[PDB]
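There is one chain below, alone, in structure tokens, taken in the form deposited without this ligand.
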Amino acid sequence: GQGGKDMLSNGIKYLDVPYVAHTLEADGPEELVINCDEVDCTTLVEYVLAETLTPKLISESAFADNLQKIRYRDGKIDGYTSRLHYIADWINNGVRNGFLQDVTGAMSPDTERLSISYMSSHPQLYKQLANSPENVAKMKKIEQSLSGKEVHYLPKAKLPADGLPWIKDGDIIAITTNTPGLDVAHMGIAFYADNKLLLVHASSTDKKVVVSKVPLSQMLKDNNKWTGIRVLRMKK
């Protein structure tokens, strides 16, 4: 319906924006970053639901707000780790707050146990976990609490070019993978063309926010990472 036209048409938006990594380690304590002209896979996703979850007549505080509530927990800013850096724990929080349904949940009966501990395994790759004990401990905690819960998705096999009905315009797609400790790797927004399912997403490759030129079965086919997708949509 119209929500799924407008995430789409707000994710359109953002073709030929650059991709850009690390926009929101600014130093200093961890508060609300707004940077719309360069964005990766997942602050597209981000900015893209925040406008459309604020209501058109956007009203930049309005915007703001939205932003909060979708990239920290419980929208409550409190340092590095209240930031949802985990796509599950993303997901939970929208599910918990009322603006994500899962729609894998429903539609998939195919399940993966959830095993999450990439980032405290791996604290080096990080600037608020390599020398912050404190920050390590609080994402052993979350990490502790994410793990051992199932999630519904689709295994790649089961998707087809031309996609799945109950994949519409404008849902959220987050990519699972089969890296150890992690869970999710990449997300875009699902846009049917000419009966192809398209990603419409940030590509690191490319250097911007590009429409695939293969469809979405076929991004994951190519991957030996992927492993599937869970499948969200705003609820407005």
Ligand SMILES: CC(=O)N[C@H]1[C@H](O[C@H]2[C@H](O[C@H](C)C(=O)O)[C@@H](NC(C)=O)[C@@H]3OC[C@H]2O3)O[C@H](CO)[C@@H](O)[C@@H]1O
The other form holds:
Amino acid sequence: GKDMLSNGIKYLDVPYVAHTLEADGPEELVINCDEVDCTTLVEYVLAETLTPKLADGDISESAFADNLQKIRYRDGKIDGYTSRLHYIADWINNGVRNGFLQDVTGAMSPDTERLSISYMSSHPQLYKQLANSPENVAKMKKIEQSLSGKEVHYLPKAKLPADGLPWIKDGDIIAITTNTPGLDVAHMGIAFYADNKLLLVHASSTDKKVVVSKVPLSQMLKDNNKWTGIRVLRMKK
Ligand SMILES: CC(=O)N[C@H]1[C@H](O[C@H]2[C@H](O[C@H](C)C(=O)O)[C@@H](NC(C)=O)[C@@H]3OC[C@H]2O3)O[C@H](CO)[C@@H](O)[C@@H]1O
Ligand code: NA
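Form solved in complex with this ligand structure, per the form deposited without this ligand context:
Next comes the full complex, this chain leading.
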């Protein structure tokens, strides 16, 4: 079944592992579908779903890689660590610009927030390729400055009911907005309705694997004082 939700569900129980893209050496396309975090999960699922079926069945491994590269890197060009779309605002913009994402909250929510993005250059010790690369830090600062100050639409968490909203659909990509200083998004997953509740399929660092949430997305948001709302994105084909 070639849809976002069904391809997400195929990842249930896959282990959560941090830093799977961060091997020593040059930035190259890393494919690790057996160990994921919240972002790489969404990237693999989107890449698979974008890839057409072969006349034989299943998909071309090179086509999958090529599509993953378009999702993960700025205009699909691999050119050092800083070419990876580290910030989700930037990742969203890349998908919108290149025609494979649309911004659903931009079409449905009257609420906006102004981006203020500086986390990585402020905390370079947290990133292997920043911790001892002054050049990469300077490059990231320019990217951060380019992103910061723009307004984006979002759904404040108080406005998300347990039963979701009718314009949020199964398979939508959910990006959780955050009050962490200098950071736009803290977590991601895939929308899934069950028992008239909007749940999230996501790579859970707490449960150490990909799960369906046991409570609605609304409750996930309410329970976390750093989480402020969501952006809702949708694959476009
Ligand atoms: C800004 C940032 O940290 N970007 C990284 C991203 O973090 C994610 C991180 O979420 C983690 C994985 C989680 O919630 O378990 C979050 N980063 C921080 C600093 O909270 C944020 O939300 C999605 C994305 O940015 O991860 C990518 C894949 O490994 C990395 O390529 C990318 O560098
Ligand atoms: Na923030």
